[PDB]
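In structure tokens, one chain follows: the form deposited in one PDB entry.
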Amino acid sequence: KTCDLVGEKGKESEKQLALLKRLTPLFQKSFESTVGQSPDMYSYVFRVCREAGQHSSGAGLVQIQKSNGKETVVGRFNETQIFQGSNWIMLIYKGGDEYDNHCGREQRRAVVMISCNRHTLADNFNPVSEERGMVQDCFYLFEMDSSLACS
């Protein structure tokens, strides 16, 4: 019912479990941000290791078309990767819904850069961009502030 790590198990995997544990106070929260202009107005909902979608799909981050509440899963938390930088944490959710035309029809993916901010536990979640111009390895990029990424 929480984040599941993907990758090789070992010393590094063990460190990533520790990072997820540190983010526990954020689990109960839900972050949202609406961007874009009609007919492409989108609302992104992001959560840390908890269901961010409306259909129990295991979504960690979803995209909702404002015009018509169509929900698209950007990434699932059962496919998480996480890394600790000096003043930030990079959180990745793979296994989102598949593209039909772009990116070799691969599953969508979310990359969230959580930067250190001593003033708040969590705030300023914002979509940065969607890299959908590659034949593979595409991603939706986001940012958010959190004191938990600080040294």
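Residues that one form lacks are left out of the comparison. The term rigid core refers to the maximal set of C-alpha atoms that superpose within 1.5 Å between the two forms. Positions refer to the first chain, counted from 1. First, how it differs from the form deposited in another entry.
- Relative to the superposed rigid core, residue 23 undergoes a CA displacement smaller than 2 Å between these two forms.
- Relative to the superposed core, residue 141 undergoes a Cα shift smaller than 2 Å between these two forms.
- The protein segment that moves between these two forms, counted as a run of at least three consecutive residues with every Cα displaced by 2 Å or more relative to the fitted core, is 129-139 alone.
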Given for the second form:
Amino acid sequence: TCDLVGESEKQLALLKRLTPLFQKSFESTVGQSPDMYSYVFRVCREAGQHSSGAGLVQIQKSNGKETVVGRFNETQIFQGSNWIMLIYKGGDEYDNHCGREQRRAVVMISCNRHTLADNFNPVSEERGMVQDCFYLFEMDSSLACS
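Let's see the other form, the form deposited in another entry, since the form deposited in one PDB entry is already up.
Partners and other molecules omitted; one chain follows.
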């Protein structure tokens, strides 16, 4: 399961508030041909098929190259008025961008009082996230409501 970065029982409780999503699998594909990437995200569970401990991976559809965007063994989580921010650090280092630092995944879970979990997608396409050196994603969930 998710391992908190650092004990903030506040974040611990939050991981528990999110367990109803652990077994679900979210995917979103952005961009057009030659050039199309598929993002697979999971909550405190393996997201890739060639990785270990990946929380969110990027898959180049042209050749299936799977890049780890963030790991759930380095999780951070915060709760706003009607959203929950989930962060997965320790992803693969950029090859020739953003100072070759480790990739990081940020998922903004917005309160949606009519779905337990739905509409996951990057806040991009893949020709903008790398430019901004920020993998920002979003999804809906009543779990993010308060």
